[PDB]
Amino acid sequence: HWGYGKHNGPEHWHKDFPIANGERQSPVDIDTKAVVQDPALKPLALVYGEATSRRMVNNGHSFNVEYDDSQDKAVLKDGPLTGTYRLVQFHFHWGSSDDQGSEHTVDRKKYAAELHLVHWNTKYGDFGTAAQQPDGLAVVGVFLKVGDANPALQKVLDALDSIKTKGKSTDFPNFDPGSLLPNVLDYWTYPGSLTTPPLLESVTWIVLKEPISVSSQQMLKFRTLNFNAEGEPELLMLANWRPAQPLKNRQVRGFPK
């Protein structure tokens, strides 16, 4: 019953998911003057060479590109992390116009979209178990800044016609998730939550400082998706972002500064 409209949107999620008003909620605004250095932090290690994409799916809230996380195929290590995290899926958040859509903001600046690469700590054996633990998940966030068309990204947007409505899926093999990363991997990090229900406070957020590009024409395609299933009255997926939440006792750290 949750979504992003007037009566089911982020303001109302707390009715079914009281943790929405928790102490470690995401996204947040990254106040760059407040960012702290920490000598414990390392370079990110994105070990995506053997990444194996499987399918793309419209789940009525966004669309996900799913990865085979049966083995250590595409992993995230180092950065702020202890141990090894496996990539399970990535997905996007976007807005109804180009001036908004990112979930994290940077000194209150909003980008057109935000990509989330979701990973789980292999110490827990499976995603479901990892998801209930403070150190269980790690999500890399990447901003999409309107400008030049992005080839790579197009490679994803072309498949959207095959999954217009809720529950539809399409084969999507051999997509390199590294192709959607900036080449410089400087990051901000803070302890946070999933940005969609159930909003579990089990995420180590790693938000890249450098955006990737997307054109205005490309942004249109995200907005062609349907929230509804086929045979139901149309309700376009015009926007699917949660706004910034109170930072409360937390500090954002930056690497390398």
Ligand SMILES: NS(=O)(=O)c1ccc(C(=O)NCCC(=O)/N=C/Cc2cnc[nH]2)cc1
Contents of the next structure:
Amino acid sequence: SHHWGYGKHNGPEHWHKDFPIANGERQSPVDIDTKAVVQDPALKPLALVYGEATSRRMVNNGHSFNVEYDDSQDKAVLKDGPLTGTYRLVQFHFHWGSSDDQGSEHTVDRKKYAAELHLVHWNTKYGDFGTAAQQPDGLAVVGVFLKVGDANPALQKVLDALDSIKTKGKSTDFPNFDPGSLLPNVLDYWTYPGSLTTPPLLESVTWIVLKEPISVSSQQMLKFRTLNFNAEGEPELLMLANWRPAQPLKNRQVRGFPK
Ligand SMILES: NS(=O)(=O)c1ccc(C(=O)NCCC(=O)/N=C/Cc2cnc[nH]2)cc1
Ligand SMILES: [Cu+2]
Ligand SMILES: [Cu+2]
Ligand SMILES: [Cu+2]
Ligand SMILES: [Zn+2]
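Given the form deposited without the named molecule, state the structure of the form deposited with the named molecule bound.
Below: every chain and molecule of the assembly, starting with the one above.
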């Protein structure tokens, strides 16, 4: 009955009451002020090694929907970029807004995109996702902006499944989806140390925010908003918006690759 969300009484501005780390030193998302971005020769190109990724199911968790990957072996991994070691892909999900002018979590010189994709990975040094989530070098999330414009056929494959998982707790089988199909052609990125953008808001995420967006149509964006926060039987609560706004940078440094 009490959890958290994006509504009038359970929203981001209140999360600190239940999760005090909400007001911590390394919270996400942030605005990326491009004039302030630092060039670090230590940064490498990203290595997203997704050829053998095994998608399992798509699930409505009552705050967004996740496409879940098999993370029992090194099947889809992220390495290099700002990272040391190997990070296994566990899931991806999206955030979006109630109209096309808003919905991304990260912003770029205060600009908001319509949505943002998060590919979530964990450091195999820690044995499991949960253990990794509690360490500063434990997680790496790749964020990809969705910019309104042309319809995205790879995204349409995801959106065609949402009618199966309209309500909280529903899941559907979702095999053979290549998470690489949702990446831009150029993998230039910004990086900074931050947090999970939902409860439990843990400060364990090396953020990797791609500079180049992928496309989405306005029509496609309507489809995100047909999901429900609630479980079947309960009063309907449309998943109109599920983004946390920019949080204070607090003298963290955003680095850019290749500049
Ligand atoms: N918005 S975010 O990317 O900062 C983010 C990412 C993850 C969480 C989180 O709380 N993680 C739970 C993910 C999950 O459900 N994993 C289950 C294990 C699994 C095994 N196979 C697939 N999934 C919160 C915010
Ligand atoms: Cu909740
Ligand atoms: Cu909720
Ligand atoms: Cu609460
Ligand atoms: Zn997210």
